[PDB]
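Novice: Spelled out, the chains give:
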Amino acid sequence: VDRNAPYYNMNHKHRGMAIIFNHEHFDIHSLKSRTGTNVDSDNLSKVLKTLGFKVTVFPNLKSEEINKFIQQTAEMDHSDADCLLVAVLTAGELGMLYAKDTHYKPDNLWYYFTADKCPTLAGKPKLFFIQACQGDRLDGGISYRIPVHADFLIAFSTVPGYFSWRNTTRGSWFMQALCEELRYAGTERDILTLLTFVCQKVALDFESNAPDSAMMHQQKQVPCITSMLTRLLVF
Amino acid sequence: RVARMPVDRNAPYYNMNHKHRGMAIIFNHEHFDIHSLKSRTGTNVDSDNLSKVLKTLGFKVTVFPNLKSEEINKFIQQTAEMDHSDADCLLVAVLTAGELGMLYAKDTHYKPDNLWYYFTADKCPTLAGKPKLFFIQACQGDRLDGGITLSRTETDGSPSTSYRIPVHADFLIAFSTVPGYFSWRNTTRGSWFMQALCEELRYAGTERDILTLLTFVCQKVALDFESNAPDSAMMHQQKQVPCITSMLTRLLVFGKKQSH
Numbered sequence: 046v047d048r049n050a051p052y053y054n055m056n057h058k059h060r061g062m063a064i065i066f067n068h069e070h071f072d073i074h075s076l077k078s079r080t081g082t083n084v085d086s087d088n089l090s091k092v093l094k095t096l097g098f099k100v101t102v103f104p105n106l107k108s109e110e111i112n113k114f115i116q117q118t119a120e121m122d123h124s125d126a127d128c129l130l131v132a133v134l135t136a137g138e139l140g141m142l143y144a145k146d147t148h149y150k151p152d153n154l155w156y157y158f159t160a161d162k163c164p165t166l167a168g169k170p171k172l173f174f175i176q177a178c179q180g181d182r183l184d185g186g187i201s202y203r204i205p206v207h208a209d210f211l212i213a214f215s216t217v218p219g220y221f222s223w224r225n226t227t228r229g230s231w232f233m234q235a236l237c238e239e240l241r242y243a244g245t246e247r248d249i250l251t252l253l254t255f256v257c258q259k260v261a262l263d264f265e266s267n268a269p270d271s272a273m274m275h276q277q278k279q280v281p282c283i284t285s286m287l288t289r290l291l292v293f
Numbered sequence: 040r041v042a043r044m045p046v047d048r049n050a051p052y053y054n055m056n057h058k059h060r061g062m063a064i065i066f067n068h069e070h071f072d073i074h075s076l077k078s079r080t081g082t083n084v085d086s087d088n089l090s091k092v093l094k095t096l097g098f099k100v101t102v103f104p105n106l107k108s109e110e111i112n113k114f115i116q117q118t119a120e121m122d123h124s125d126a127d128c129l130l131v132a133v134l135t136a137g138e139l140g141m142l143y144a145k146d147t148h149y150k151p152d153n154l155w156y157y158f159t160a161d162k163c164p165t166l167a168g169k170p171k172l173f174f175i176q177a178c179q180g181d182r183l184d185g186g187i188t189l190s191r192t193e194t195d196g197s198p199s200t201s202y203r204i205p206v207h208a209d210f211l212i213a214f215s216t217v218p219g220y221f222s223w224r225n226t227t228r229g230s231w232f233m234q235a236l237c238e239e240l241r242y243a244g245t246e247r248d249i250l251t252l253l254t255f256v257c258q259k260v261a262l263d264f265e266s267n268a269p270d271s272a273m274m275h276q277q278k279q280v281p282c283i284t285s286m287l288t289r290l291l292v293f294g295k296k297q298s299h
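First to last, the protein sequences are chains C and D.
If you use the entry's author numbering, the first sequence corresponds to residues 46 to 187, 201 to 293, in order.
If you use the entry's author numbering, the second sequence corresponds to residues 40 to 299, in order.
There may be inaccurate statements among the hints.
As a list, the in silico DSS-like pairs of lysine-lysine whose alpha-carbon atoms are at most 25 Å apart [said to hold, decoys possible]: (1) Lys94(D) to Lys169(D); (2) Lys169(D) to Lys91(D); (3) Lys150(C) to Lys77(C); (4) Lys259(C) to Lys169(D); (5) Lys169(D) to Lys296(D); (6) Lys150(D) to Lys150(C).
Hint data in this document are derived by calculation from the structure and do not stem from the laboratory.
Taking the hints into account, I'd like the entire structure generated from these sequences.
Specialist: Below is the structure:
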């Protein structure tokens with residue numbers, strides 16, 4: 046076909062690995078436990094299988110270990126793969142993520158996937174879905203390092219809205235929106251349209267969101283889609 | 040099969056026919072009242088070509104040459120305080136030198152989030168719901184390793200690589216920094232990014248969503264990257280591209296209505 050083709054070549058022997066880093070508990074004094082992070086995780090794991098990814102869930106790893114797996118992923122023959130997915134569910138800001146032991150900078154997640162370091166994923170999409178809740182519009186008191207490198211995609215969250223069953227909580231707006239979308243849609247739409255709609259879903263549940271009666275600030279809080287893709291991505 | 044009109048809070052597309060399209064305001068810098076900082080020759084190409092197409096898309100374009108930082112902030116704010124209730128959206132272009140998280144005016148540098156600050160819902164209820172687009176070209180482009188001389192650094196640590204993204208519905212940021220240009224003899228003119236941007240906006244800006252569009256802009260940038268400093272053979276893989284940050288909640292198709 047072309048070097049200037051509208052789509053990503055999505056059909057080699059296998060789809061690619063999705064590897065999910067999932068944090069519920071923290072060996073860090075006074076960081077509250079993340080309950081029903083397992084709903085999101087197991088919901089995501091579910092759908093990514095039906096899309097053809099070889100999924101691996103890693104629950105509660107020490108910061109150093111994540112780097113070992115991520116890296117030991119980055120050093121494989123992805124030649125038979127259509128792409129790569131990495132999901133992280135945890136606590137923190139836009140620019141510091143938590144592991145069971147300590148925080149780290151999000152850039153360490155995509156660091157080892159660049160073409161010079163992962164020549165076998167060259168031109169294949171490399172996708173990173175981070176949900177790292179914390180969300181109060183406040184920086185008064187009187201983000202991450204975006205990789206400029208074709209074919210990365212980063213959807214980052216921090217919207218602290220959830221669904222909760224009884225009194226305990228379980229499964230967040232963001233992660234749910236993204237499964238429903240990837241499920242009841244992922245084979246007729248490009249990824250960026252999809253993720254647009256995920257935003258809308260989050261954006262719309264904001265209105266089940268703390269403020270009211272005319273509280274300073276207004277327009278909904280959504281995920282951040284950062285995209286260096288060069289092609290339309292249709293699963 | 041078709042295109043339709045109204046019905047949803049959960050409608051797929053932005054309402055893109057109000058009385059007006061909106062305002063595009065371009066900030067263009069070529070010279071710098073700062074020692075060391077080289078002239079951005081041929082930034083005038085980009086500027087005048089952007090401006091051309093946004094008029095055909097039906098914006099009321101305004102262009103501000105080599106302004107001081109205080110003056111940029113004066114007009115940005117003065118823009119945010121307008122009745123956009125008649126407008127479909129809002130565009131800000133900024134073509135200057137600088138990094139991913141510092142931009143230059145004639146006088147001094149400033150942070151990109153000063154550009155979209157004054158425009159959020161609480162501060163611009165008349166743009167609330169409406170798409171606010173910022174395209175920014177801030178040329179400088181080096182991702183290290185390859186040579187091992189003509190430098191300083193030894194021990195690691197390179198944070199603050201990027202800007203502060205508005206976590207806010209309906210903003211969209213398209214940021215270049217890829218320093219490749221077309222050039223005419225010795226002189227330069229027109230960046231790969233902007234010519235790409237304009238070609239897509241012109242010969243397609245009307246039947247495709249803003250995001251697919253910018254996707255194809257990346258492709259075009261990535262592809263010229265190979266007229267790029269090392270990489271001295273073969274096909275390679277891909278490149279260094281624009282950065283498209285999106286908090287959009289609907290597909291955004293540049294719609295129309297002549298007599299409105």
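Novice: Does each hint fit the structure? Answer for all of them.
Specialist: Results for each hint:
no., hint, verdict
1, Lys94(D) to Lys169(D), "holds, 19 Å"
2, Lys169(D) to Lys91(D), "holds, 23 Å"
3, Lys150(C) to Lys77(C), "holds, 20 Å"
4, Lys259(C) to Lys169(D), "holds, 17 Å"
5, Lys169(D) to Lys296(D), "holds, 17 Å"
6, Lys150(D) to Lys150(C), "holds, 22 Å"
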